[PDB]
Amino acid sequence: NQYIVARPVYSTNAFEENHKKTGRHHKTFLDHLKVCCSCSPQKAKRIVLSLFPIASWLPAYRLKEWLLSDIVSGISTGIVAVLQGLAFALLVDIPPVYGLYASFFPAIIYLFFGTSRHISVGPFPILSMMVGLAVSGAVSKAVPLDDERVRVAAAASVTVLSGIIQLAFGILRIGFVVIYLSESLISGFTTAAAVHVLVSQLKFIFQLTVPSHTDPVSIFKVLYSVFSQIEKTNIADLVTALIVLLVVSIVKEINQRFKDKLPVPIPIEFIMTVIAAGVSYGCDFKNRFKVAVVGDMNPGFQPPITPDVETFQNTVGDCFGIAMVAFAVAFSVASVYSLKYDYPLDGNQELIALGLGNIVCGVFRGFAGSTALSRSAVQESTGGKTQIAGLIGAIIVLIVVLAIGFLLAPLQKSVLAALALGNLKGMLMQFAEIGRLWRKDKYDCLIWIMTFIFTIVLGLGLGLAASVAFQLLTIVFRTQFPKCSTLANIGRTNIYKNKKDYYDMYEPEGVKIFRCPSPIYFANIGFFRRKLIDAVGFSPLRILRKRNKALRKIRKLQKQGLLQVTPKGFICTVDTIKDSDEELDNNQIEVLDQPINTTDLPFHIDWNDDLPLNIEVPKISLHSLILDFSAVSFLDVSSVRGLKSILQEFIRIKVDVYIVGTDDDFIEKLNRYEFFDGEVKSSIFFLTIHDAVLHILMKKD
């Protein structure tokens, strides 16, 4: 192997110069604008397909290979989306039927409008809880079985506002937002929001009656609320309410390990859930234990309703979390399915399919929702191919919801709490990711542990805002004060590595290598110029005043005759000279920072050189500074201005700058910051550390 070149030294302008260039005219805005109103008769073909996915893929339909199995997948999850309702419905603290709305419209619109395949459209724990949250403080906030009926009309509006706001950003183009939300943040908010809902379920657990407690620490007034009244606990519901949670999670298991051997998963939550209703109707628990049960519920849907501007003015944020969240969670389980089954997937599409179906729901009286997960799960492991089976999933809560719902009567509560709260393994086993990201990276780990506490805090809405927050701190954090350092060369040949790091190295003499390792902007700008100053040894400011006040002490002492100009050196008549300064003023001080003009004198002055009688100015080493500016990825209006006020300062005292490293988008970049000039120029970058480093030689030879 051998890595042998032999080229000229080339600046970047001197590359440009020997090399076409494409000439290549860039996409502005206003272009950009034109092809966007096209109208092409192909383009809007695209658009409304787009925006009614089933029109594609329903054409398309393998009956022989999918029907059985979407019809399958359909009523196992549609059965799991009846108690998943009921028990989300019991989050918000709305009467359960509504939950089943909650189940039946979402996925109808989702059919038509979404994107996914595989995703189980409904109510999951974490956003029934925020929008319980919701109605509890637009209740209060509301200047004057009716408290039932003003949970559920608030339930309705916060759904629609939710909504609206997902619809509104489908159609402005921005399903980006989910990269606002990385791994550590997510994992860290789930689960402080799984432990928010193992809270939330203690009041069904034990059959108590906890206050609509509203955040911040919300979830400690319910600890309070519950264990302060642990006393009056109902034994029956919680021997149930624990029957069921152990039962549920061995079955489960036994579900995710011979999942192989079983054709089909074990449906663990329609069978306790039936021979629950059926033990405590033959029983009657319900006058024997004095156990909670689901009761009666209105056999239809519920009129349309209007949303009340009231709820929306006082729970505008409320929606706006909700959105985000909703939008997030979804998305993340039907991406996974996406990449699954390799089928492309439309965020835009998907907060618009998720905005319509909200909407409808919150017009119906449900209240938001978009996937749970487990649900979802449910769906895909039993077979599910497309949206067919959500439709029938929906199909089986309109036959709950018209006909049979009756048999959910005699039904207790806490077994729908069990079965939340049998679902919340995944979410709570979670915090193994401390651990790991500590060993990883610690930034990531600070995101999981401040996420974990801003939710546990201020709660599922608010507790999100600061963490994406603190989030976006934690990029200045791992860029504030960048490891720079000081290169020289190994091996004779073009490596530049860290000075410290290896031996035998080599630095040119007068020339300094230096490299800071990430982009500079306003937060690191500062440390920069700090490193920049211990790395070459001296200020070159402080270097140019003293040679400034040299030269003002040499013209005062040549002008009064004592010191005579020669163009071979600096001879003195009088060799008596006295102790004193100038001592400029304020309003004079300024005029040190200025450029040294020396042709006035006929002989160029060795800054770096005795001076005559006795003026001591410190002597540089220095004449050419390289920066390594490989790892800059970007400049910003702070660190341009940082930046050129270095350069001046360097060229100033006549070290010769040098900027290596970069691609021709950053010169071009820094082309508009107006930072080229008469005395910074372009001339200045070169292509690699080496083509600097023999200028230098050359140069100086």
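Residue numbers count along the first chain shown, from 1. First, how it differs from the form deposited in another entry.
If you assign each C-alpha to whichever superposition fits it better, residue 490 and residue 349 land in different rigid parts between these two forms.
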Contents of the next structure:
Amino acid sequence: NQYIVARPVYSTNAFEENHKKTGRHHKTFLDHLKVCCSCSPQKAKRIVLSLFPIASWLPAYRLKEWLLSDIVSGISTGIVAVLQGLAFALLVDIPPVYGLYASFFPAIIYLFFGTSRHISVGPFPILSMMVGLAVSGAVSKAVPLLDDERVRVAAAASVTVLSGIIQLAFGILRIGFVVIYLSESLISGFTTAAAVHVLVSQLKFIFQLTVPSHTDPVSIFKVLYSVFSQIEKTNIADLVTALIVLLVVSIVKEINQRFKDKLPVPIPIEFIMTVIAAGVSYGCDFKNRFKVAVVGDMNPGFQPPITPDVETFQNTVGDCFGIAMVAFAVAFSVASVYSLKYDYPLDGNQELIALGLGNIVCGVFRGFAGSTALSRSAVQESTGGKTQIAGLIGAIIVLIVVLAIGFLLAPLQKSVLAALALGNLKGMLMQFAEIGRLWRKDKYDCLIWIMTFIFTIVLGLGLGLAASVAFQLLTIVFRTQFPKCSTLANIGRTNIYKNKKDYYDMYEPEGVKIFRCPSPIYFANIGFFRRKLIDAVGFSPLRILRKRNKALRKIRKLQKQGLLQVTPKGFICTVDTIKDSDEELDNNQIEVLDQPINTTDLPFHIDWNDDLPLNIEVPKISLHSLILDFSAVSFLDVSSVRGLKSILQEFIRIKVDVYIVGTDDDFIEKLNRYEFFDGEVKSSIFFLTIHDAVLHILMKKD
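Give me the form deposited in another entry now, not the form deposited in one PDB entry.
Nothing else is written out below except the one chain.
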């Protein structure tokens, strides 16, 4: 009910003098350098454990309650992984057994080095499209059938190895916090545009048409044109099969989600549809009757290791950087969801290390890159997976297909694989609804979403990302560019001060002005700040100083020529007459008017706000005190320290007292480093609050 206070009036210097301050030590780099080197016995044990996490989670396995659960989940995820690997290999434009290699090797590495316990490691569509684009370019710029397929495989393997190297290097240097530089709106726009890319790139398998290997910019418009200019040659059986598979798979997917609790396990529609399709095609000999395109024969076995090509490294460095960034971001975002739901910790540097090692091994043995998909991870998590033993069981399923029973997938058509790939794009395609929500909530975020979408659609998936990050950085300057400044007044005859234009019956003490800037002051808004302050007080102090210096010159002259009395009472001007004329100052002597006024020579004080003798006129002002509220100024830079110092000096040379209030102890400490305080500008201008400053002023004048 009551707010009652009685204390003294405090400036920052006065407060510090009366209250003992705790001694603090400023840590030194050489001393700082020393902590890591020690390597005491106990420290060594923990650093090794961090690098090889399996040696910590495996001996604590709850066999009785976690073993059966992992086996059921492993069998379901391995089946899904085989099919997705075949389809994504189709997306990278090579034979489809390399997708099996890409589903096998990185999961085996992640079993030993990873920190997440719920994700499924392998390829996903956006990264496969990016790898295919990078591979087209390297081939074109390689200074001078099946030979063509031998060149594409080699280039894909080299790109994978280089991306893995970059990831591992970033993980060793402890830079795992680079994920903070991508906001949510950027990622939403990027993934919606990439879903449109993936949709367009599947049309050549639903129709069975032949399309060249276009490259960016405007890659998507070229592909669309190539397809419809030859629309008459569409194979009909492929189209009908694809439509049936899409239709049916989409319906069963909705049923699962709606009745989630009722069903013991989710229904496996993708496996069922594949069995029937393969069987009908083989049974009815679709390949020789309707001329459909099938998977064909695959060589049963792994390939021997190869060596990466330095020529390829030179031509694809920029693309590899983009691939590493996208892979890490997606995997980290997906892993974060599960860690929060089950409460366990997650280490980003170790994730970078593990993904890099996995990618390096896959490329050496002929695979392509990938981190994790949200759809396969949801399948693993939904069917009860507890740990990564589910991933090992899925990899064993993949191995059985690679070595023993790969011949059963020979009569399957590419239309069915394309239809499955298209059925997993509903989530990313519903993100278009974000446009209406962001428009109403926040307009800068709506702008980021739209710009990202257009850059990604018009430019490629590699350049669009860089352009989008740059534009997202520019919006931060857009936010703080023209801050909304104001004048404050007293409301209620207490210690409360608010905006002068919002309430009835406000009060302003005579001769005092209070100004507030609600933002940091850096190189991009110091001119705006100066212009607003000059508009707030009503005049320019440098003009007043020049006009005062000028009038002083005229007084000094008349005095020496015998027309001015120079009596203690005032300037008598014995010869009433005078002539007004401006002593023209040349270009090399006009700087004298900007100097501080010294009147020690004349025996009486010269009021500058009262009439001067012999018809000499200067503009008059009613202000004697100015208060600056800096409660919302977070930081300053060299540009702003320079601009601020010149503003204050000008006010002090015309006799106006200045004050700064509302700042913490850390702010003032930094100011000392910039060499801001000197004879003219002292540290005695800082006070704790606005009310403290007003009370001090009233006592001084009175």
